[PDB]
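Enquirer: Fit chains 4, J, 8 and 6 with the ligands to the supplied structure of chain 7, relying on the hints for placement.
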Amino acid sequence: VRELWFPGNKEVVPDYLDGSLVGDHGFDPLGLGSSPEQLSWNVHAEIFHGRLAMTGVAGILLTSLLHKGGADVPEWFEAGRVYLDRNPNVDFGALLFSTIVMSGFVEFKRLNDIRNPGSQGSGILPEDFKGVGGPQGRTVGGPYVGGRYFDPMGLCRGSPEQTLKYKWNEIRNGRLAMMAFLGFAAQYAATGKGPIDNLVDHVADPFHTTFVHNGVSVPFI
Amino acid sequence: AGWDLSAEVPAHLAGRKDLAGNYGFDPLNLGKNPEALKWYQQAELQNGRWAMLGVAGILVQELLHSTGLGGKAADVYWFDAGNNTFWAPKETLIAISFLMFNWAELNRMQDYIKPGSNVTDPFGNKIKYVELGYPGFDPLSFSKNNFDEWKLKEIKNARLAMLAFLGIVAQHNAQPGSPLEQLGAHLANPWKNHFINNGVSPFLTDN
Amino acid sequence: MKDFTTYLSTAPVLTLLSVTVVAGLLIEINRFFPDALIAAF
Amino acid sequence: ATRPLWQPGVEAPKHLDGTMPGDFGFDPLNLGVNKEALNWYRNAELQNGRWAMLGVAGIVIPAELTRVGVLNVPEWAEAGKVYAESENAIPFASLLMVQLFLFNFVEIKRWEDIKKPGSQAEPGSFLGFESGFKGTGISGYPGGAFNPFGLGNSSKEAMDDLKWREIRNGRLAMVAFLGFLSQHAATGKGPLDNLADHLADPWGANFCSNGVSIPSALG
Amino acid sequence: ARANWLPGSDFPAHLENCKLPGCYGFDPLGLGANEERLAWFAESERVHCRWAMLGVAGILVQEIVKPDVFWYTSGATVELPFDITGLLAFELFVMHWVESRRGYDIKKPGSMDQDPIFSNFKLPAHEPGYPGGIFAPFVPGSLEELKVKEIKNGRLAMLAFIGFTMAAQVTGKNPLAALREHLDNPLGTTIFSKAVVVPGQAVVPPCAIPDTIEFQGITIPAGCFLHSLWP
Ligand code: CLA
Ligand code: CLA
Ligand code: CLA
Ligand SMILES: CC1=C[C@H](O)CC(C)(C)[C@H]1/C=C/C(C)=C/C=C/C(C)=C/C=C/C=C(C)/C=C/C=C(C)/C=C/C1=C(C)C[C@H](O)CC1(C)C
Ligand SMILES: CC1=C[C@H](O)CC(C)(C)[C@H]1/C=C/C(C)=C/C=C/C(C)=C/C=C/C=C(C)/C=C/C=C(C)/C=C/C1=C(C)C[C@H](O)CC1(C)C
Ligand SMILES: CC1=C[C@H](O)CC(C)(C)[C@H]1/C=C/C(C)=C/C=C/C(C)=C/C=C/C=C(C)/C=C/C=C(C)/C=C/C1=C(C)C[C@H](O)CC1(C)C
Numbered sequence: 006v007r008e009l010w011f012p013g014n015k016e017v018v019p020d021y022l023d024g025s026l027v028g029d030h031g032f033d034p035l036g037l038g039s040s041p042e043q044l045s046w047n048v049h050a051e052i053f054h055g056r057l058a059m060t061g062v063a064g065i066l067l068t069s070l071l072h073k074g075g076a077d078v079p080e081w082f083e084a085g086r087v088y089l090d091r092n093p094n095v096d097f098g099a100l101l102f103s104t105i106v107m108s109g110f111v112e113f114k115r116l117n118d119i120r121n122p123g124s125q126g127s128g129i130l131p132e133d134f135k136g137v138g139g140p141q142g143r144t145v146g147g148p149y150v151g152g153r154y155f156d157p158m159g160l161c162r163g164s165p166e167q168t169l170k171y172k173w174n175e176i177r178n179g180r181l182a183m184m185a186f187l188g189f190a191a192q193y194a195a196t197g198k199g200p201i202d203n204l205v206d207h208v209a210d211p212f213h214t215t216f217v218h219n220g221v222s223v224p225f226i
Numbered sequence: 030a031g032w033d034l035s036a037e038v039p040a041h042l043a044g045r046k047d048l049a050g051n052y053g054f055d056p057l058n059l060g061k062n063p064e065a066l067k068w069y070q071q072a073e074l075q076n077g078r079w080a081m082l083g084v085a086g087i088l089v090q091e092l093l094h095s096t097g098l099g100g101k102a103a104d105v106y107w108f109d110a111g112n113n114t115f116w117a118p119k120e121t122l123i124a125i126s127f128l129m130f131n132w133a134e135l136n137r138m139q140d141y142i143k144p145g146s147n148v149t150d151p152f153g154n155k156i157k158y159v160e161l162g163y164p165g166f167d168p169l170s171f172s173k174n175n176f177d178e179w180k181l182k183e184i185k186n187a188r189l190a191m192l193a194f195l196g197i198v199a200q201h202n203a204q205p206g207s208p209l210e211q212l213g214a215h216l217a218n219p220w221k222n223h224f225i226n227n228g229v230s231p232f233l234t235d236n
Numbered sequence: 020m021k022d023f024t025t026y027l028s029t030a031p032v033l034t035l036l037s038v039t040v041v042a043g044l045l046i047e048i049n050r051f052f053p054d055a056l057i058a059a060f
Numbered sequence: 029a030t031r032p033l034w035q036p037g038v039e040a041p042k043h044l045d046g047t048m049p050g051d052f053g054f055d056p057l058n059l060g061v062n063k064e065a066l067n068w069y070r071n072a073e074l075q076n077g078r079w080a081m082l083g084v085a086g087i088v089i090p091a092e093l094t095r096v097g098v099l100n101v102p103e104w105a106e107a108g109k110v111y112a113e114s115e116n117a118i119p120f121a122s123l124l125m126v127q128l129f130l131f132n133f134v135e136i137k138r139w140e141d142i143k144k145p146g147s148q149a150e151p152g153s154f155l156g157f158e159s160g161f162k163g164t165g166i167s168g169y170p171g172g173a174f175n176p177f178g179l180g181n182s183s184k185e186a187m188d189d190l191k192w193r194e195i196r197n198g199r200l201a202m203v204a205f206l207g208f209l210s211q212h213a214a215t216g217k218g219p220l221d222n223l224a225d226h227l228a229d230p231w232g233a234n235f236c237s238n239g240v241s242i243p244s245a246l247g
Numbered sequence: 035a036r037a038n039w040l041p042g043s044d045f046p047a048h049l050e051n052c053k054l055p056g057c058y059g060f061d062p063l064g065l066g067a068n069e070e071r072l073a074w075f076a077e078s079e080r081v082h083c084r085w086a087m088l089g090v091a092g093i094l095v096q097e098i099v100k101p102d103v104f105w106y107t108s109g110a111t112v113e114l115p116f117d118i119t120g121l122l123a124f125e126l127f128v129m130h131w132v133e134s135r136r137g138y139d140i141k142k143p144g145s146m147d148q149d150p151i152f153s154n155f156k157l158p159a160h161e162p163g164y165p166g167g168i169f170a171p172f173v174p175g176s177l178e179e180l181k182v183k184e185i186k187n188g189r190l191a192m193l194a195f196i197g198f199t200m201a202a203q204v205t206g207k208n209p210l211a212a213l214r215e216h217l218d219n220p221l222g223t224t225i226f227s228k229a230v231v232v233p234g235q236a237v238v239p240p241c242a243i244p245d246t247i248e249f250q251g252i253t254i255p256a257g258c259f260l261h262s263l264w265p
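Protein chains in written order, with the authors' numbering: chain 7, 6 to 226; chain 4, 30 to 236; chain J, 20 to 60; chain 8, 29 to 247; chain 6, 35 to 265.
Heads up, a few of these hints could be off.
Unchecked claim - Calculated pairs, EDC-like style, for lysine to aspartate or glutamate (alpha carbon to alpha carbon, straight line, at most 16 Å): (1) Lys53 (chain 6) <-> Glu161 (chain 6); (2) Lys21 (chain J) <-> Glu42 (chain 7); (3) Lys143 (chain 8) <-> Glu64 (chain 8); (4) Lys141 (chain 6) <-> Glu120 (chain 4); (5) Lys221 (chain 4) <-> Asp117 (chain 6); (6) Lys186 (chain 6) <-> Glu79 (chain 6); (7) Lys53 (chain 6) <-> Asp245 (chain 6); (8) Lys144 (chain 8) <-> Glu64 (chain 8); (9) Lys141 (chain 6) <-> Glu161 (chain 6); (10) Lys157 (chain 4) <-> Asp167 (chain 4); (11) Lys114 (chain 7) <-> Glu39 (chain 8); (12) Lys42 (chain 8) <-> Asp55 (chain 8); (13) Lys141 (chain 6) <-> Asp33 (chain 4); (14) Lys15 (chain 7) <-> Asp33 (chain 7); (15) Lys172 (chain 7) <-> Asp156 (chain 7); (16) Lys119 (chain 4) <-> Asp109 (chain 4); (17) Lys180 (chain 4) <-> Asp167 (chain 4); (18) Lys181 (chain 6) <-> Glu77 (chain 6); (19) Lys183 (chain 6) <-> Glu79 (chain 6); (20) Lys172 (chain 7) <-> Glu51 (chain 7); (21) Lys142 (chain 6) <-> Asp33 (chain 4); (22) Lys155 (chain 4) <-> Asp140 (chain 4); (23) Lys184 (chain 8) <-> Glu64 (chain 4); (24) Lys180 (chain 4) <-> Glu73 (chain 4); (25) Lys53 (chain 6) <-> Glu79 (chain 6); (26) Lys221 (chain 4) <-> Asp235 (chain 4); (27) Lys221 (chain 4) <-> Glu113 (chain 6); (28) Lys144 (chain 8) <-> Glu158 (chain 8); (29) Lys182 (chain 4) <-> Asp47 (chain 4); (30) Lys181 (chain 6) <-> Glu79 (chain 6).
These aren't lab readings, by the way, just hints derived from the structure by calculation.
The following block holds chain 7 by itself, in its conformation from the complex:
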């Protein structure tokens, strides 16, 4: 049918990972989303992780490019202490609690959308926050939210194949950015420098600058 995560091989999990979800290639060897409710929850988690990692990786890349350009911009792994030193009037608990509260408001909005896909498009929010559905066949709520506010340019209203192409773009870029953030953390742990620093160090010297030469991955060379 579709291109699988391991070509050939027809033991791909039973027909809950059929070729319907965006990004579906039959990759669930551990069965972590076997039940349909867990599958929907994990689709929400995957889309959210992809979008969050995409935002985070874009921010990390831009702050690392600005750091190499001489700007007064810290690296991603030390921006918290740099912000606290530059701004001593801010309490750490203050900023943390404010982040918790504001993030919690929108996350409870998303949570009550997960519980009831149609319950967030009324009340204080307008009908644009109803959602458009997609996963598991429903046409309301879910990770994909239409409207003129979360799709203000309207690039998935009209032309359904354009919507499918853009959804595939989003899921592939999100998975790539999740692996990118994993690589960022591993490179910071094994080298102690930024991502762009590692990239230009490897581009300047292709050899003797691989992962085996940092002394952390291979722990004796």
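Expert: Just chains 4, J, 8 and 6 with the ligands now, with coordinates in the frame of chain 7:
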């Protein structure tokens, strides 16, 4: 719709044409409840009339302060009006104000809860009554012709004067001097002297 | 994972995880608030 | 059933229909599953909200008047000791006992009204004053001698609007008094002092800097 | 076939038989797939065209009459006859008025063609985004090809303004000064000449506009758009 083109009147301001200055302006919909709207219309009339009286007093007394007509009574700032000795001290003036305004405002509220029930005095004399907040206190009679236009003029002046007194208190708590002095100091340049160049209004500038 | 979560909901797994989290909570309470002989407010 | 709720997305519990004033469907602990217990909790909410409104008024209006140079009222937390040092001060135990005796007399009558709503209105109770305790059929809303101005007794929905205003104001003042207690317990300053300090530097002056909320042992 | 942004290719879906002027089958990302979004983007394109035309013409004429002044820093060093805060407030008020009127026309056409002052004066019924009447006194021929001329000049002027600000950021001088710098040395004044990245070294032209400029006591972080990503 009148207050904002390409906007729709909030339903309960559409069918009731008999409101002075009904321009459809109720975006927060305070008076959707008809009794709440009646209360807010009475509050309109009261606040507007007291604000017209107050702003006229401020402007006239500050004009007499800037030009010079009255003696030491009129040669004080409006916010420093209590420095004069006058004829009575503070306490008895406030007390008699409480008493007679209790009398008049309870007459007005008794009219409010039952329109036309309180128009007769113990002396036996009687007056005509119309509408609710318009008790026919018209001696020289300008109400016999186009009363809607006169009411519209009154409500426009009332809204202008409520805005005026809000401006008076905001200017006084922002910039020193009389409001006429503030208008003149504005008119001095006027490209620099305005509400941004205060250091007490925008807060983003000048800390 | 319905059967796996049902196994996790079985009485021994739940009681071991519950005594584990309760013991860990008490241990970290004594780690941050040691030698609390009385409830002095 | 379509009224706004405490969580747009979470349906109201089946014991909170919408009739009670201020029913936003908020009962995650399900404390009011019993109807008679629900009525008792409604009366307790009314009493706590009214006493908190009176207390928060008597805290924040004298403190504000002291801030602007009127009357000069001391801090609410130390106002008990300020009076107790007077030359003609009633002793604490005697004053408490007098207050408790009067409140015993009043609120045993209120309690008997809570049980049967037409309790105290029977003839021959007082000395002609029993007519003022008829009640409005709902306990906690007596009327009669109470409510002299007769606000809301005109259209029924006018009284329901005032009931919702009362319950929201009572809840706000209860939260406010809890805030006053917790703010003075942590910081030895008044509520207006805490507010003024927060506007000086909100990122620096808050509950994460008093040293009492977040324990110092963790950090 | 017809005029196309890429000859031999076809139009997409939303652009089949365009009614908007200057339609050449573009939109690779499909931004105008939606209906009302296409009209909103058409209005934003028209006002962008006209504003960038005004900007490029203003920069050019300001340089012809005053070659010694630098347009990028002209907002800070021009010696205003009036104070700037009141001037900015006046602009904010009047432009809020006129842009609110234009935007609500785009929301609904038959809603505000009327003078709020005089009842007799009122714009005639017109297609959205093209007022006319008092706004269009003199028309050299038919309206359609002149609309195409207007929109094409507007695209050219938006590209011109982006080239203007990039010449100002890279060379530190005027775009006609940058022109006369390019003509006498065509092989050397190109960005390919002064900016090459190779896997091992990146050559970036230095920024000329100062990062921080002082203006009436305050400082404005008017650096150079953003560095780092410069080729
Ligand atoms: C936490 C992020 C996240 C989440 C929630 C999901 C969730 C999902 N993925 Mg996805 N995926 C991700 C990241 C994620 N993915 C990344 C980064 C890649 C690129 C490598 C992919 C590539 C991928 C493919 C190709 C496919 C899926 C598919 C699926 C769906 C079915 C699989 C499943 O049910 O297992 C649930 C998954 C989890 C519960 C998260 C696993 C986390 C484990 C428990 C931790 C260990 C993993 C970690 C990498 C080890 C290192 C950790 C630490 C030592 C640093 C499901 C909704 C299949 C699908 O049908 O698409 C709809 C499918 O075809 N994913
Ligand atoms: C700058 C502080 C200040 C404030 C807040 C007040 C406030 C007040 N003064 Mg006073 N006064 C002041 C300074 C001040 N004064 C000074 C500096 C002097 C001279 C030295 C005087 C001399 C003076 C005199 C002689 C008299 C007053 C009187 C009054 C009362 C007006 C009567 C009324 O409101 O009707 C009655 C009020 C009600 C029926 C309802 C209570 C009010 C509630 C809250 C509703 C009102 C809404 C509220 C005003 C709007 C919100 C606030 C708004 C400004 C944003 C009023 C409460 C008059 C008075 O005592 O009453 C007759 C009076 O005669 N003042
Ligand atoms: C912000 C200015 C702007 C806006 C709002 C529009 C809007 C529109 N253009 Mg247009 N265009 C512009 C600038 C603009 N254009 C410029 C400067 C050029 C010259 C290169 C062109 C050349 C052009 C052609 C040839 C055609 C259009 C067409 C259209 C219409 C359909 C395309 C569409 O639906 O996507 C809407 C477009 C946007 C919403 C703009 C989004 C801007 C993104 C978010 C920023 C990215 C900038 C990008 C990387 C370039 C950097 C700028 C600079 C370095 C060059 C549409 C109403 C087609 C048409 O049918 O005509 C009516 C068509 O044939 N345009
Ligand atoms: C409509 C609406 C609806 C929607 O929905 C929403 C919203 C928006 C909210 C709205 C709006 C509102 C508003 C604006 C309001 C305002 C009001 C006012 C201002 C009042 C005043 C009001 C005001 C007033 C009364 C005033 C008065 C005054 C007076 C008496 C004065 C007096 C005096 C004098 C003479 C002199 C001396 O020496 C001093 C004194 C003593 C000082
Ligand atoms: C709803 C629910 C249900 C679900 O299911 C569950 C849960 C969650 C549990 C819940 C919640 C709850 C809550 C929130 C509670 C709270 C309460 C309060 C706070 C009260 C207070 C309450 C409060 C109160 C009464 C108060 C009162 C006060 C007073 C009188 C005061 C007095 C005073 C004054 C004037 C001043 C002076 O100098 C002092 C004194 C003498 C001190
Ligand atoms: C089409 C499409 C579709 C697809 O699908 C996607 C894509 C591709 C993305 C797209 C797009 C593309 C593009 C190219 C865009 C662009 C635009 C622009 C450039 C705008 C500007 C625009 C521009 C503009 C307005 C400008 C303006 C300017 C101005 C006013 C100036 C002014 C001035 C002057 C006079 C001088 C003085 O001393 C100063 C100043 C103040 C400086």
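Enquirer: For every hint, state whether the structure bears it out.
Expert: A quick look at each hint next to the structure:
| no. | hint | verdict |
| --- | --- | --- |
| 1 | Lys53 (chain 6) <-> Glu161 (chain 6) | holds, 11 Å |
| 2 | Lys21 (chain J) <-> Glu42 (chain 7) | holds, 10 Å |
| 3 | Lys143 (chain 8) <-> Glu64 (chain 8) | holds, 9 Å |
| 4 | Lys141 (chain 6) <-> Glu120 (chain 4) | violated, 60 Å |
| 5 | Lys221 (chain 4) <-> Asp117 (chain 6) | holds, 5 Å |
| 6 | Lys186 (chain 6) <-> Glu79 (chain 6) | holds, 11 Å |
| 7 | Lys53 (chain 6) <-> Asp245 (chain 6) | violated, 46 Å |
| 8 | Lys144 (chain 8) <-> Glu64 (chain 8) | holds, 12 Å |
| 9 | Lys141 (chain 6) <-> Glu161 (chain 6) | holds, 12 Å |
| 10 | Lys157 (chain 4) <-> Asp167 (chain 4) | holds, 10 Å |
| 11 | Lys114 (chain 7) <-> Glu39 (chain 8) | holds, 15 Å |
| 12 | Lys42 (chain 8) <-> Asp55 (chain 8) | holds, 10 Å |
| 13 | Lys141 (chain 6) <-> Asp33 (chain 4) | holds, 14 Å |
| 14 | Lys15 (chain 7) <-> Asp33 (chain 7) | holds, 13 Å |
| 15 | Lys172 (chain 7) <-> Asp156 (chain 7) | holds, 13 Å |
| 16 | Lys119 (chain 4) <-> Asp109 (chain 4) | holds, 14 Å |
| 17 | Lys180 (chain 4) <-> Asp167 (chain 4) | holds, 13 Å |
| 18 | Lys181 (chain 6) <-> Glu77 (chain 6) | holds, 13 Å |
| 19 | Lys183 (chain 6) <-> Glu79 (chain 6) | holds, 14 Å |
| 20 | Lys172 (chain 7) <-> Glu51 (chain 7) | holds, 13 Å |
| 21 | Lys142 (chain 6) <-> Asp33 (chain 4) | holds, 14 Å |
| 22 | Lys155 (chain 4) <-> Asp140 (chain 4) | holds, 14 Å |
| 23 | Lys184 (chain 8) <-> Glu64 (chain 4) | holds, 12 Å |
| 24 | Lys180 (chain 4) <-> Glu73 (chain 4) | holds, 12 Å |
| 25 | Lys53 (chain 6) <-> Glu79 (chain 6) | holds, 15 Å |
| 26 | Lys221 (chain 4) <-> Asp235 (chain 4) | holds, 15 Å |
| 27 | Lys221 (chain 4) <-> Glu113 (chain 6) | holds, 15 Å |
| 28 | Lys144 (chain 8) <-> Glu158 (chain 8) | holds, 15 Å |
| 29 | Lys182 (chain 4) <-> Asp47 (chain 4) | holds, 14 Å |
| 30 | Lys181 (chain 6) <-> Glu79 (chain 6) | holds, 13 Å |
Of the numbered hints stated above, those contradicted by the structure are hints 4, 7, listed in ascending order.
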